[PDB]
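Quick one: the structure is below, questions incoming.
Apart from one protein chain that is not included, each protein chain of the complex appears where it belongs.
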Amino acid sequence: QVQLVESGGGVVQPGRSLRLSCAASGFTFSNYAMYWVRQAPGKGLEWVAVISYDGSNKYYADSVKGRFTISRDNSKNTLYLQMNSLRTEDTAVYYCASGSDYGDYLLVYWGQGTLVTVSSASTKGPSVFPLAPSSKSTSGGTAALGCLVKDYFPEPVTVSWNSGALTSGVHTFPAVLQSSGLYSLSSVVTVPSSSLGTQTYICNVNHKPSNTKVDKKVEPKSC
Amino acid sequence: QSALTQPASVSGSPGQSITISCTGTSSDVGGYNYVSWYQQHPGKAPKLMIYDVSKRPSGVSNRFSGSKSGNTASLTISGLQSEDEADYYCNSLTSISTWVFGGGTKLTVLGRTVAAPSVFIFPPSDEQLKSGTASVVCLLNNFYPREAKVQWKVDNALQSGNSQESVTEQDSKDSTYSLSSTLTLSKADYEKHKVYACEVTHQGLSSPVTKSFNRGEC
Partner (left out) sequence: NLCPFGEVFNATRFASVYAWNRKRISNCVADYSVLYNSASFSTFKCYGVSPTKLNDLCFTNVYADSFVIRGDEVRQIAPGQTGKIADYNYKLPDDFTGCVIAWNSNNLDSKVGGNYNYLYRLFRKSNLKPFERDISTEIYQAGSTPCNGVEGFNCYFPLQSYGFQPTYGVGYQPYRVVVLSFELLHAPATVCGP
């Protein structure tokens, strides 16, 4: 078996330096080669850097050439990447990969990349707003109800509902970032009109950087 | 970077044959034969499928084959099993010792019958406007093809870039999909406008569906 693990990637502010490590076991790490590859969320893959078996030679993409540095310690089966002057375009997922007997030029083995993003915004917590049930929604005796979060920076979030005991018809869409640079998300549940007049629906949001929860109730507006 | 061109998406019925193409410079895929193909299911590290001269790694089904023709190379997949929908990327080595990746092709398998979207629209007006910002939200629920197109209409005028949409992953109970849509506006502009509407055109629908409301009704 062969396995690789990346570590150290995380939140940082722009213009700073950061160091990533990748550790391999199960093969002669010194013999082949190590590569770094990154994937900006929602985009394809692109190549970042490469180092040779001896570490004597290095190559980098024009976007990172001279800015980043790649180094390895073949005595520890350990690989390292040094990043300097990080910019908003470096906010991707970075994978380490190595050659194999199939070809030193081939990204045969891959780790499970760390997520790194540069942001000047602080760990602002989310705010929760409700959706307005109405005729343009409630139709055919069926209606959708939802809660909306106002932009927040930290990556971890979890939405809870009365329906959390049985999430049938409940969705928690992938969060998205506003031009402000902070994440936001929407969650909705589908319910019958009989429930709108007989059951309370309240949403509560969990945010690990701030254990103080936020919650809001949805009620059928006359609009 | 001479990033290789690829089709944005391809689709086929289960058991059919389908081919993905990759194209590059005479020194990026022409000449050398090191073209390789990678597979990446969502949420996990990419796998490889093909490499030099269409060879295939051990432990991978013989259903995948590769071909090269000068400036272009292609990957053909047969016996679609719906597990191959993972996006495929081509890769090649280039002179001046540089690697290039293709834009990635997303494969959609018609693993079930078409299912129509359910659509809802909601104003977050009361709390959001009290906070000092305005947005409008439109919801598309449990559709199948997921190729849906979404448009925002204000006073029947079309808006773009001012909205952000998010699509949830395939619901394994029925392979359906859902999309969230939301346009953002400033308090002054939100008060200037009178009518708000969202429009969707999709294979899941027999004809475009539009939902609209006037801010002045309530």
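When the chains are written out, they are named A and B in that same order, and each has its own residue count from 1.
As a working rule, a contact is a pair of C-beta atoms (placed from the backbone, for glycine too) under 8 Å apart; a residue touches a chain by one contact, two chains touch by 3 or more.
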| item | value |
| --- | --- |
| From A:89, A:101, A:155 or A:219, residue that would touch the chain that is not displayed | A:101 |
| Identified contact with the non-displayed chain, of B:61, B:97, B:131 or B:214 | B:97 |
| Hidden-chain contact residue, picked from the options A:50, A:189 or A:203 | A:50 |
| Subunit A, residues in touch with the chain not shown (by the definition above) | 32-33, 50, 52-54, 56-57, 59, 99, 101-105 |
| Footprint left on subunit B by the chain that the document does not show | 31-32, 34, 52, 93, 95, 97 |
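Keep in mind that, in the parts below, only the chains that are shown with their structure count from here on.
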| item | value |
| --- | --- |
| Subunit B contact footprint on subunit A (complex, rising order) | 35, 44-47, 50, 59, 61-63, 95, 102-103, 105-108, 110-113, 127, 129-134, 136-137, 143-144, 146, 148, 150, 171-176, 178, 185-186, 188, 190, 216, 221-223 |
| Parts of subunit B lying in touch with subunit A, wherever the complex brings them together | 1, 3, 34, 36, 38, 40, 44-48, 51-52, 55, 57, 87, 89, 91, 93, 97-104, 118, 120-128, 131, 133, 135, 137, 139, 141, 164, 166-168, 178, 180, 182, 184, 211-213, 217-218 |
